[PDB]
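Enquirer: As a plain string of letters, each chain reads:
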Amino acid sequence: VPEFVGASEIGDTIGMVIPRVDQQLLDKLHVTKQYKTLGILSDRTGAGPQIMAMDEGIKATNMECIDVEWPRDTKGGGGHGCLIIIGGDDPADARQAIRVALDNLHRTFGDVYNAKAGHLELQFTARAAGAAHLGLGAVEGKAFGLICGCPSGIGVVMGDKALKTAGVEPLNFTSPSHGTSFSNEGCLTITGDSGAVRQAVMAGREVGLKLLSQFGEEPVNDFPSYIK
Amino acid sequence: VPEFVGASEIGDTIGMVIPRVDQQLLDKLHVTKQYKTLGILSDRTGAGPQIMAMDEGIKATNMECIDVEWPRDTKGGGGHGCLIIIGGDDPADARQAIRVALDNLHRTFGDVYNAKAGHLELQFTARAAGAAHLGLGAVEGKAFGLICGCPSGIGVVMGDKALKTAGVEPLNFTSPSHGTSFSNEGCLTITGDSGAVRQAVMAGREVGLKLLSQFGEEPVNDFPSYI
Amino acid sequence: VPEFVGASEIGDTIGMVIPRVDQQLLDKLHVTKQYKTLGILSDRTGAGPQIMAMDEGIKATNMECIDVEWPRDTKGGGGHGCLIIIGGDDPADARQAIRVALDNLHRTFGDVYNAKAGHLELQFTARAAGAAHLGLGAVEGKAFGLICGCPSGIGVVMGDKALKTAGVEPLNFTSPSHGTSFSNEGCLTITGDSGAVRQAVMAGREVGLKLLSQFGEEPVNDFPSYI
Numbered sequence: 011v012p013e014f015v016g017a018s019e020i021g022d023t024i025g026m027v028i029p030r031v032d033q034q035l036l037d038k039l040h041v042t043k044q045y046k047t048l049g050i051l052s053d054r055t056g057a058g059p060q061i062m063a064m065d066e067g068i069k070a071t072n073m074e075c076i077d078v079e080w081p082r083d084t085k086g087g088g089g090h091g092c093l094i095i096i097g098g099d100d101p102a103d104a105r106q107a108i109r110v111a112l113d114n115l116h117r118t119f120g121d122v123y124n125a126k127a128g129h130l131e132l133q134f135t136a137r138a139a140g141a142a143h144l145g146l147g148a149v150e151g152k153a154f155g156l157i158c159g160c161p162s163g164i165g166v167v168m169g170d171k172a173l174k175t176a177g178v179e180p181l182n183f184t185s186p187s188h189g190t191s192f193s194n195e196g197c198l199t200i201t202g203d204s205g206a207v208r209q210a211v212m213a214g215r216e217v218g219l220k221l222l223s224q225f226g227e228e229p230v231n232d233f234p235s236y237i238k
Numbered sequence: 011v012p013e014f015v016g017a018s019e020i021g022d023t024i025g026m027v028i029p030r031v032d033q034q035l036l037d038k039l040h041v042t043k044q045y046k047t048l049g050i051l052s053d054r055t056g057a058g059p060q061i062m063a064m065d066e067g068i069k070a071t072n073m074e075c076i077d078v079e080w081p082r083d084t085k086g087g088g089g090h091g092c093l094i095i096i097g098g099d100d101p102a103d104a105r106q107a108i109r110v111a112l113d114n115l116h117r118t119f120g121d122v123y124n125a126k127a128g129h130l131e132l133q134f135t136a137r138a139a140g141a142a143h144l145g146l147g148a149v150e151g152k153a154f155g156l157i158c159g160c161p162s163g164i165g166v167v168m169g170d171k172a173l174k175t176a177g178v179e180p181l182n183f184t185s186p187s188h189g190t191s192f193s194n195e196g197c198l199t200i201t202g203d204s205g206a207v208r209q210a211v212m213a214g215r216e217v218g219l220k221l222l223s224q225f226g227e228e229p230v231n232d233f234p235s236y237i
Numbered sequence: 011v012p013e014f015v016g017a018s019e020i021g022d023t024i025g026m027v028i029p030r031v032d033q034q035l036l037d038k039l040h041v042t043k044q045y046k047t048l049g050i051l052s053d054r055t056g057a058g059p060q061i062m063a064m065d066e067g068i069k070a071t072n073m074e075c076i077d078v079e080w081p082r083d084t085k086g087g088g089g090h091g092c093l094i095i096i097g098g099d100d101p102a103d104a105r106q107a108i109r110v111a112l113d114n115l116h117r118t119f120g121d122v123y124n125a126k127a128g129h130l131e132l133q134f135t136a137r138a139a140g141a142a143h144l145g146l147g148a149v150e151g152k153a154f155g156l157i158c159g160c161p162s163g164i165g166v167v168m169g170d171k172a173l174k175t176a177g178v179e180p181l182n183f184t185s186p187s188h189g190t191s192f193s194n195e196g197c198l199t200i201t202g203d204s205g206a207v208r209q210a211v212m213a214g215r216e217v218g219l220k221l222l223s224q225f226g227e228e229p230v231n232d233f234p235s236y237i
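Chains as they are written, first to last, in the authors' numbering: chain A, 11 to 238; chain B, 11 to 237; chain C, 11 to 237.
Check before you lean on any hint, since a few could be wrong.
What the hints assert, rightly or not - If you want the footprint, here are the derived chain C segments under chain A, 3+ residues with CB under 8 Å: (1) 36-49; (2) 83-89; (3) 131-138; (4) 179-186.
As the list claims (entries may be wrong) - Residues from chain A that keep clear of chain B, each with C-beta distances beyond 12 Å, as calculated: (5) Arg54; (6) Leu181; (7) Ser193; (8) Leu219.
Just so you know, these hints were derived from the structure itself, not from any lab.
Each residue gets a CB set at the ideal place from its N, CA and C atoms; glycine is no exception.
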């Protein structure tokens, strides 16, 4: 299948490119701006990791992030899956964006921590781009941190701790009934100076791990942490 | 329990009939039109198969489809469960409709294909009826196709391929943040001539199977394909 | 972690207190009323049992229920998880509320009945308090019953039977596409005299157990029934 670019067991994430999408279909897609060439990154488990991976693909190419959608998923876990549509005019440039996103999954899963009772997710970049902006509300060109815990109360405490660690600016706070697809996540997003943003993410991680462990299992990442 | 009609392991689907529903309850239900007699079809796994099954029940009776509701479910898969309420004036007719729907499950699951990573669902009819109209936006009395893939990006490619196969008319495209219960499905619905519709659905199936297989498992239907 | 109060394996429920929440965060929380001190009760499986357990924490303390939020969860089952935020002036009062809620989970899971196909949930109190009000629409100071079945069509029948058992007043009926987080639950809430309310909850339980058991498995509670 010419549309197939690659598929990864990480999050059950598949990447595809439609070189010239049918106009009647395009007309029904909820995109910020229409383009003839579309890349598609679609996964069962994760939204932050795939969104941050796609941000590297946008930085590497001329593609634009035109839709981020939010399945309530993770195959029985508390989180989201994800659908990301990017738009451009060159199928080659789309394929390269999708390949770069797929080759960043092992990194952006590095601070996802899982346990039987729930999970934590952390993300950080010193310079957000268009996927982080559309998907997570990041301010493009500026530092960005994502601090998430499930069950969602843990995220509320992670958020409080992170804000009290350095003078970072809160962007939003999403929760089961506001700004998620009824996930069981409490997620603070932040901006500010890159060092402080990193400080605040790491503080939220530490208290998240302590809280989630209280169910009796050390939360585990399947790939090495990238936030340090 | 007089209200029980039957239960199937297929989708964990249960059918019941309330011959004369309490009016205080009926004023709390979101129905297109109130009737005193309700048929209820309720499942954990599947929305399209039950909807198309109930379409046969409507064709077979005088019952009207008055509500289709959408649990996000499939017991940890990426799809929907379903609540279908039908209404009429005769408890026996409501029961016959529910029986006909239960008896069509093995058929309407025939183009549901499952794998660890996801699933595909295809439906087709040459003449849609009231449940397909209310539930899925079909045009009654005309041909209808549903072409769905999970994770949802597979469904976007399935749909592009379907439209490029024959001149069909798209009805809608639903996706995780538009027109689903935050499901992981991308679903194209179409009408047009019955032959062109069947062509489009079959080509969507083919590319979806190829795409979903890339996770390393052949997608399996548990019942013979009907399309 | 000073914020930690307790964690239970019942529902995967964790209880925490923030003595002095950051004001920038509080401004982003969806609460009915700002308080400096927050108690947080959060779980993967259950909403009604945590809300009813928090009602007893409220009755025991000066805390007010200021937010109830609704994960679609139960770890692949058909129900909700829950996030409950309580607010007050005194971190010790918040801790006592959370402890009382945690110590009520074994009781409020008493009439939660699970099976492979679905589950039932019943609740009862002769006097609802603020968590049952904000969370479930109960009338404060009056008896309250909750009658819920999954898959959701079982809840419609349970609710019909309940109303026809005694003269009770329906407050709401929530369903997959109305008033839930796309759960697969049909849930009737009622008020009225306490004896009539218990009669109705119990009759709803009986018919639900019979219907859910048609899938082949007796629905089981993990804790003694309290109703």
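Enquirer: State for each hint whether it applies.
Expert: Now for the hints, and whether the structure bears them out:
1. Given a C-beta distance limit of less than 8 Å, the hint that chain A covers the stretch 36-49 of chain C holds, as 4 residues qualify and 3 suffice.
2. With a cut-off of 8 Å between beta carbons, the stretch 83-89 of chain C has 3 residues touching chain A; three or more are needed, and the interface restraint holds.
3. Counting residues of the stretch 131-138 of chain C whose C-beta sits closer than 8 Å to any C-beta of chain A gives 0, which falls short of three, so the coverage hint is violated.
4. As drawn, the stretch 179-186 of chain C meets chain A at 0 residues by the rule of a beta-carbon pair under 8 Å; below three, the given contact is violated.
5. For A/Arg54, the requirement that its beta carbon stay farther than 12 Å from each beta carbon of chain B is not met, with the minimum near 5 Å.
6. With a cut of 12 Å on Cβ distances, A/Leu181 stays outside the contact zone with chain B, its closest approach being about 20 Å.
7. Listed as a non-interface residue, A/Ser193 fails to keep its Cβ farther than 12 Å from every Cβ of chain B; the least gap is roughly 9 Å.
8. Consistency note on A/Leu219: stated as away from chain B, and its beta-carbon is indeed over 12 Å from all of that chain's, at 26 Å minimum.
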